[PDB]
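Colleague: Each chain, letter by letter, is given below.
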Amino acid sequence: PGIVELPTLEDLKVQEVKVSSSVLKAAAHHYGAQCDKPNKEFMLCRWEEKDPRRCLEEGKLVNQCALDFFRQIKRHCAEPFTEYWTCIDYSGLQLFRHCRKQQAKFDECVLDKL
Amino acid sequence: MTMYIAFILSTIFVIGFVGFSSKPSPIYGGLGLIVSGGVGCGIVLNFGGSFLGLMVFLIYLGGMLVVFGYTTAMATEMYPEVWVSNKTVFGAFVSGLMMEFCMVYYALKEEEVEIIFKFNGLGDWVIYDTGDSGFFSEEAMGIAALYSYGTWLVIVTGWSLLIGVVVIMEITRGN
Amino acid sequence: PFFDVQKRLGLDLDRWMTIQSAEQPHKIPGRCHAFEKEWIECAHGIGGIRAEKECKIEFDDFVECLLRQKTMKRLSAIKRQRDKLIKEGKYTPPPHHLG
Amino acid sequence: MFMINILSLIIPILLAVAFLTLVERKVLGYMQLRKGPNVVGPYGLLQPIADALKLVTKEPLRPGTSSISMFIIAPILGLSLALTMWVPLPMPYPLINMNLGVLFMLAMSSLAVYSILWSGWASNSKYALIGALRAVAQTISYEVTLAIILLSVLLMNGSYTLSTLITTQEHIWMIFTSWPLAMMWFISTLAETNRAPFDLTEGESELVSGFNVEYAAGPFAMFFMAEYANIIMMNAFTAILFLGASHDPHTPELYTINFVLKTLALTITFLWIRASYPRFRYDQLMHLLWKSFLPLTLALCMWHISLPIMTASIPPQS
Amino acid sequence: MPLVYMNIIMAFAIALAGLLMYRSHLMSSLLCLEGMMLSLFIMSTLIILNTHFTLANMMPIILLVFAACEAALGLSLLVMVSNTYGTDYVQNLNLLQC
Amino acid sequence: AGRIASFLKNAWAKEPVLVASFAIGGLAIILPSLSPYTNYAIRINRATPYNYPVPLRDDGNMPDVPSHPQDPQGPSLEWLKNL
Amino acid sequence: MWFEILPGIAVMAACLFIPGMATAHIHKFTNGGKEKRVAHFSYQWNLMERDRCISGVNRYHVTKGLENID
Amino acid sequence: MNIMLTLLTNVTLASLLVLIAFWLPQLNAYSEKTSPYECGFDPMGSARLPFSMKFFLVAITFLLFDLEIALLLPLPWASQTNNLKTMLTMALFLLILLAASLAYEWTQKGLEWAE
Amino acid sequence: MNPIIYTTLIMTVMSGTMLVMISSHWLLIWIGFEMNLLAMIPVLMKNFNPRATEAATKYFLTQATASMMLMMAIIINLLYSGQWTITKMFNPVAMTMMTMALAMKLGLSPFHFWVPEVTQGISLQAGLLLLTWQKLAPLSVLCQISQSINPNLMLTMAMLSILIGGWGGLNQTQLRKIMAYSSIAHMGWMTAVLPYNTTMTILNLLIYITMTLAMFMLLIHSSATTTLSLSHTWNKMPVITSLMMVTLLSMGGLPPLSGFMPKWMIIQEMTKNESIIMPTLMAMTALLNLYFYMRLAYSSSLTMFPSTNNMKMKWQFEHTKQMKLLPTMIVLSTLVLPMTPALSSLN
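Protein chains in written order, with the deposited numbering: chain 1X, 1 to 114; chain 1J, 1 to 175; chain 1e, 1 to 99; chain 1H, 1 to 318; chain 1K, 1 to 98; chain 1b, 1 to 83; chain 1a, 1 to 70; chain 1A, 1 to 115; chain 1N, 1 to 347.
Quick caveat, the hints were computed from the structure, so don't treat them as lab data. Honestly, I wouldn't trust all of these hints.
[Claimed, not checked] Listed next, the in silico DSS-like pairs over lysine-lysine satisfying Cα-Cα at most 27 Å (straight line):
1) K54 (chain 1A) with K9 (chain 1b)
2) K13 (chain 1X) with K25 (chain 1X)
3) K64 (chain 1a) with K113 (chain 1X)
4) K84 (chain 1e) with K118 (chain 1J)
5) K36 (chain 1a) with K262 (chain 1H)
6) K50 (chain 1X) with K101 (chain 1X)
7) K81 (chain 1b) with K291 (chain 1H)
8) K37 (chain 1e) with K109 (chain 1J)
9) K60 (chain 1X) with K50 (chain 1X)
10) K27 (chain 1e) with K53 (chain 1e)
11) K54 (chain 1A) with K54 (chain 1H)
12) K60 (chain 1X) with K28 (chain 1a)
13) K25 (chain 1X) with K37 (chain 1X)
14) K35 (chain 1H) with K54 (chain 1H)
15) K113 (chain 1X) with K34 (chain 1a)
16) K113 (chain 1X) with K28 (chain 1a)
17) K56 (chain 1e) with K84 (chain 1e)
18) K109 (chain 1A) with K14 (chain 1b)
19) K7 (chain 1e) with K46 (chain 1N)
20) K13 (chain 1X) with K105 (chain 1X)
21) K14 (chain 1b) with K101 (chain 1X)
22) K25 (chain 1X) with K34 (chain 1a)
23) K64 (chain 1a) with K60 (chain 1X)
24) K74 (chain 1X) with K50 (chain 1X)
25) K36 (chain 1a) with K13 (chain 1X)
26) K53 (chain 1e) with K46 (chain 1N)
27) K50 (chain 1X) with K105 (chain 1X)
28) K60 (chain 1X) with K74 (chain 1X)
29) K40 (chain 1X) with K27 (chain 1e)
30) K46 (chain 1N) with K54 (chain 1A)
31) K118 (chain 1J) with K7 (chain 1e)
32) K37 (chain 1X) with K13 (chain 1X)
33) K64 (chain 1a) with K18 (chain 1X)
34) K36 (chain 1a) with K60 (chain 1X)
35) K79 (chain 1e) with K50 (chain 1X)
36) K13 (chain 1X) with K60 (chain 1X)
37) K88 (chain 1N) with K37 (chain 1e)
38) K321 (chain 1N) with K88 (chain 1N)
39) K37 (chain 1e) with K53 (chain 1e)
40) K34 (chain 1a) with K74 (chain 1X)
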């Protein structure tokens with residue numbers, strides 16, 4: 001009763017954004033605010049089609065947009081991001097509570113530079 | 001290999017049940033039930049049922065406590081039975097061991113055991129489901145829904161427990 | 001039910017839990033929400049002894065979603081052949097299957 | 001190195017229990033004008049070693065009118081449960097982060113009945129058979145109060161994760177919010193460990209010992225180890241539950257020191273209570289909880305479940 | 001249907017045998033009866049955790065709460081035959097004959 | 001009048017635990033209805049997004065729904081910040 | 001002369017002292033200086049698994065920042 | 001694994017203690033030691049007779065209360081619900097039923113330890 | 001037994017049955033079943049005699065086992081369909097399992113040795129309760145699941161029900177015992193037509209019910225437990241013993257009395273559906289019921305029995321407990337045949 005639709009191994013080949021959980025949680029709010037549109041449309045596709053085989057292109061778009069965002073933050077203040085993500089990493093729950101100092105030190109850069 | 005533990009957890013459940021149902025001394029049936037429940041708590045736990053597993057742990061290891069409470073009160077005698085006293089209990093026990101052993105041997109050879117229903121001998125790890133839970137345990141949230149969606153359930157239960165304490169009063173009242 | 005007071009006097013008393021596509025707490029869908037939605041909306045106002053045959057393919061698809069009897073049997077056959085030919089030694093699993 | 005961490009959990013608890021048998025004989029004596037043991041080594045520091053060696057090399061008598069299976073299993077249960085019930089405790093980083101640690105440990109707390117009953121019946125003596133049922137009734141009838149107290153206290157914590165309990169207290173000691181509750185909880189703890197005010201099982205006039213009568217030497221000492229390990233474990237439980245402490249993640253040692261000091265203080269309060277008070281009677285013992293403790297506990301639980309709702313201060317679930 | 005289902009179903013079948021096939025004891029029989037509900041409790045929890053039946057997660061404890069109640073009276077009945085008759089041995093349990 | 005007050009006094013003396021429990025319990029039911037913050041607790045519970053707010057397919061004429069997650073219009077919880 | 005009790009509980013304190021840092025240090029020892037990343041919910045477990053996969057050394061506590069990516 | 005490893009370590013450790021306890025010491029194994037004990041005497045012909053008792057009622061009301069304690073256990077998770085009003089009323093029902101069962105236990109002798 | 005406690009036991013039994021015939025979730029059906037079980041044990045122990053303890057113990061064991069097998073059927077059809085709604089079963093062995101689980105609660109098949117004994121043990125009012133009210137719930141469940149019941153199973157089970165119901169009552173003098181056996185026979189009677197059309201088993205349930213109250217109220221209006229004790233009551237209550245006789249005629253189903261109508265209806269619909277051999281078996285075996293019915297009639301009213309000298313001062317005392325509904329209770333159980341079309345009301 002039917003066979004498959006699995007896209008080719010070449011189809012699901014994207015640059016997998018290879019960063020750590022602490023880095024990702026440190027970016028978080030800024031990353032979401034500046035990359036919502038590809039993410040929003042991607043999972044609108046996911047919930048509407050109920051079918052990831054129809055939403056690979058959305059996945060490529062969100063990956064590439066997030067990667068661009070990470071490239072811009074690399075181009076600018078990264079040492080505050082470095083300290084921030086390291087401090088978040090030290091937390092066993094990735095708690096935002098015990099990082100506020102570096103949080104300010106981060107939030108100012110992307111505010112006055114990006 | 002600790003792969004098959006999710007299998008063996010049930011297996012020790014079975015043969016701890018048989019001796020529990022082998023009609024031995026009442027405390028030895030209790031011991032069989034105790035090891036069966038202790039090993040079945042693992043069966044529910046490794047399936048994700050942390051709260052339900054610990055719940056049955058608590059309530060059931062109190063429940064067999066109370067059934068003990070009369071075993072030394074309203075069930076002992078001059079010569080309490082022993083797990084080796086009667087000769088038939090050994091036969092019951094060994095008939096407990098060889099049946100599921102033969103069936104699992106078949107399920108390891110043919111994987112299509114024909115006993116009662118349809119069963120496959122290919123472990124149990126398959127039947128789990130991929131997915132996620134966000135930041136909430138499904139089991140805990142489901143049992144918490146008792147106070148929001150369990151409209152009738154808590155009402156009828158609490159009424160039944162009230163009637164239960166009433167009947168426990170009345171039958172044991174002794175005129 | 002025999003005397004369905006539930007829809008007569010107008011409230012749910014137990015129908016909230018009966019099936020698993022109902023409004024689950026915090027929208028936690030069941031394993032077979034899609035299949036049982038298909039089955040339920042297939043057999044609605046049709047009659048059990050009539051709906052059991054029109055809504056058949058949905059029903060066994062639902063049952064196979066619940067139990068995965070056919071799929072796990074297929075996996076068992078695949079594993080059987082794989083272990084047989086590996087013991088009698090023709091090919092080796094690709095590195096994705098080792099590490 | 002996981003097993004090394006395990007062993008670093010068991011073994012120090014064993015020395016703690018060992019030297020508790022010295023600190024009690026010193027504290028009690030000083031409370032009743034006695035110098036206490038100070039002959040075996042400096043200030044009696046070596047005394048627990050000598051008694052332990054004696055009890056290991058004392059003859060373990062087999063109860064002739066007994067089935068040896070339970071006579072051996074009951075010490076196993078009592079001792080192993082007592083130690084494994086230390087597993088999920090929030091040291092600054094708890095050993096096992098069990099999501100239901102408090103419920104986990106409360107459930108294991110009920111298992112001491114499963115050593116008491118087999119000890120009392122298998123040994124097959126009048127004192128044993130009496131004390132088994134009496135102590136069983138004690139601990140089971142106080143386990144309920146322990147349960148509602150735990151639930152009512154936790155309703156302000158957020159979950160059954162026992163590591164987040166510290167995060168609950170942080171600012172203020174939790175007793176400041178549930179001092180009426182803790183006052184019951186602590187006392188019920190005193191009841192569950194069978195201590196002089198609430199012991200009722202020893203009763204050295206009509207029960208003598210109650211459960212550890214025919215037990216001799218090693219299996220006998222194992223039940224003492226369980227008993228004086230439950231002391232430390234439940235005093236530590238109460239310490240974190242109500243007597244909170246600071247914990248800076250960059251300095252884990254601080255919370256460790258504060259917590260051990262709290263545990264020592266609470267154990268000293270245990271010894272303090274036992275050195276003064278008379279012993280309850282079974283009639284009054286169950287009158288204390290059925291007639292008095294339980295209604296207050298029910299009402300306090302109702303208060304502590306209604307309170308977060310009306311204050312719009314429900315605790316965070318995760 | 002994997003081996004865990006076989007094991008708990010088979011445990012229930014032997015609990016049925018043990019309780020229903022009386023040997024000589026009423027207390028041990030109702031003990032087998034309450035083990036029966038333990039087998040059913042585990043069995044019920046299995047599908048419910050398996051299929052993400054979130055509401056039905058509360059059914060086991062519900063199923064539990066009533067079942068112990070049965071034993072709550074069972075052993076309660078056990079004392080009431082015991083004080084008069086003397087034991088729980090069901091072979092003297094014959095007075096009601098005709 | 002006098003009988004009720006005398007009975008309360010005797011209960012406060014004879015079984016003090018009973019009166020304390022009955023009192024604090026009787027509060028436990030009647031305050032939550034009286035208190036003006038339980039609705040705020042409902043707001044607390046509805047505020048937490050345990051799951052993703054799956055967006056709606058834009059087709060025009062939904063001014064209420066914000067177009068962007070940084071947009072001004074839409075649900076807000078500044079009361080949460082002040083609380 | 002209460003200070004005679006002071007040695008008696010002091011070792012006792014040390015006895016309860018050791019389980020404190022031993023668990024605390026070993027965690028810090030095992031997880032690359034970081035404390036243990038508690039996974040109380042499946043999202044935490046998924047994050048830990050993705051960190052382990054990205055690390056490339058089958059060690060979750062090994063973490064690489066933007067220098068790892070383009 | 002981890003947790004199971006701790007349980008294994010503890011049970012084996014306990015069993016080593018009991019093994020050293022029961023095997024290391026030496027006993028002459030003479031008959032008259034086996035005579036049982038009661039404050040100087042032996043327990044005559046008892047310590048296994050059926051125990052004519054009364055606090056059986058307390059023992060059974062323990063279990064009956066334990067079921068309801070299990071019922072009210074999910075409360076900390078339950079407080080995190082949208083419809084807090086229904087949860088409040090219905091939990092309050094549960095504790096009120098607890099209290100009512102205790103009160104009926106009280107007035108009708110019941111929890112009063114039978115004589 | 002505190003009057004208010006007895007009332008609260010009344011209504012928890014009745015509410016346990018109500019939960020059965022109004023709920024849709026299967027778990028709720030089980031809950032009602034054990035609510036009724038937990039509630040009816042104390043009233044059976046109202047007298048508190050060792051016979052009552054015996055009867056209560058046997059009832060508890062039988063019904064607890066039956067409810068556990070009920071949950072087994074429950075769990076199996078949940079496992080094979082994931083639907084708690086009470087409807088046609090989707091696994092055969094689950095259907096069979098529920099069939100014997102309910103039957104043990106009804107006393108139909110060899111799972112019927114409990115009812116005569118438990119009826120012997122308890123007082124006659126508890127007997128009325130047991131043999132009237134504690135049938136409505138299992139019948140209602142069987143009606144709701146009539147879509148898929150193995151017709152062979154239900155038919156043979158009803159056949160033994162009526163057959164051992166007729167045979168067991170022959171060698172019984174205790175009125176409670178012969179009433180239990182008669183109830184077993186009526187159990188077989190309705191359960192035979194249960195698979196074919198549930199309106200007729202509902203009608204037979206109604207007729208058996210009204211006949212059973214009309215019976216038990218006459219017994220404890222005469223205060224008799226043995227056949228000889230009832231025979232001694234031919235004196236004091238001649239009207240009561242004459243009505244005794246007329247309802248004992250309605251017992252077997254002699255026309256034009258009420259008891260003939262359910263037999264007639266069941267046989268007519270069984271013949272509508274090509275079952276022609278089957279009805280003749282109960283038609284013959286109803287004579288087994290009529291036999292000890294006639295024996296009871298002879299001991300009661302048709303033949304005068306030797307009274308006792310002391311018995312005469314009973315003449316000076318009148319029954320004070322009214323025991324209401326008895327007149328209409330007799331009347332509905334005697335003359336309703338010209339109202340047979342009213343069965344369509346139940347449909």
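Colleague: So, for every hint listed, does it hold in this structure?
Modeller: These are the hints, each one checked on the structure:
no.	hint	verdict
1	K54 (chain 1A) with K9 (chain 1b)	35 Å, violated
2	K13 (chain 1X) with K25 (chain 1X)	25 Å, holds
3	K64 (chain 1a) with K113 (chain 1X)	24 Å, holds
4	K84 (chain 1e) with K118 (chain 1J)	24 Å, holds
5	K36 (chain 1a) with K262 (chain 1H)	25 Å, holds
6	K50 (chain 1X) with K101 (chain 1X)	42 Å, violated
7	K81 (chain 1b) with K291 (chain 1H)	46 Å, violated
8	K37 (chain 1e) with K109 (chain 1J)	38 Å, violated
9	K60 (chain 1X) with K50 (chain 1X)	17 Å, holds
10	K27 (chain 1e) with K53 (chain 1e)	31 Å, violated
11	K54 (chain 1A) with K54 (chain 1H)	42 Å, violated
12	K60 (chain 1X) with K28 (chain 1a)	38 Å, violated
13	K25 (chain 1X) with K37 (chain 1X)	19 Å, holds
14	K35 (chain 1H) with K54 (chain 1H)	23 Å, holds
15	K113 (chain 1X) with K34 (chain 1a)	31 Å, violated
16	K113 (chain 1X) with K28 (chain 1a)	36 Å, violated
17	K56 (chain 1e) with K84 (chain 1e)	37 Å, violated
18	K109 (chain 1A) with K14 (chain 1b)	19 Å, holds
19	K7 (chain 1e) with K46 (chain 1N)	39 Å, violated
20	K13 (chain 1X) with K105 (chain 1X)	36 Å, violated
21	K14 (chain 1b) with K101 (chain 1X)	59 Å, violated
22	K25 (chain 1X) with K34 (chain 1a)	16 Å, holds
23	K64 (chain 1a) with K60 (chain 1X)	22 Å, holds
24	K74 (chain 1X) with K50 (chain 1X)	35 Å, violated
25	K36 (chain 1a) with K13 (chain 1X)	33 Å, violated
26	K53 (chain 1e) with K46 (chain 1N)	53 Å, violated
27	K50 (chain 1X) with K105 (chain 1X)	41 Å, violated
28	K60 (chain 1X) with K74 (chain 1X)	21 Å, holds
29	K40 (chain 1X) with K27 (chain 1e)	19 Å, holds
30	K46 (chain 1N) with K54 (chain 1A)	21 Å, holds
31	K118 (chain 1J) with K7 (chain 1e)	38 Å, violated
32	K37 (chain 1X) with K13 (chain 1X)	22 Å, holds
33	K64 (chain 1a) with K18 (chain 1X)	8 Å, holds
34	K36 (chain 1a) with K60 (chain 1X)	33 Å, violated
35	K79 (chain 1e) with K50 (chain 1X)	30 Å, violated
36	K13 (chain 1X) with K60 (chain 1X)	9 Å, holds
37	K88 (chain 1N) with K37 (chain 1e)	19 Å, holds
38	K321 (chain 1N) with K88 (chain 1N)	47 Å, violated
39	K37 (chain 1e) with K53 (chain 1e)	17 Å, holds
40	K34 (chain 1a) with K74 (chain 1X)	24 Å, holds
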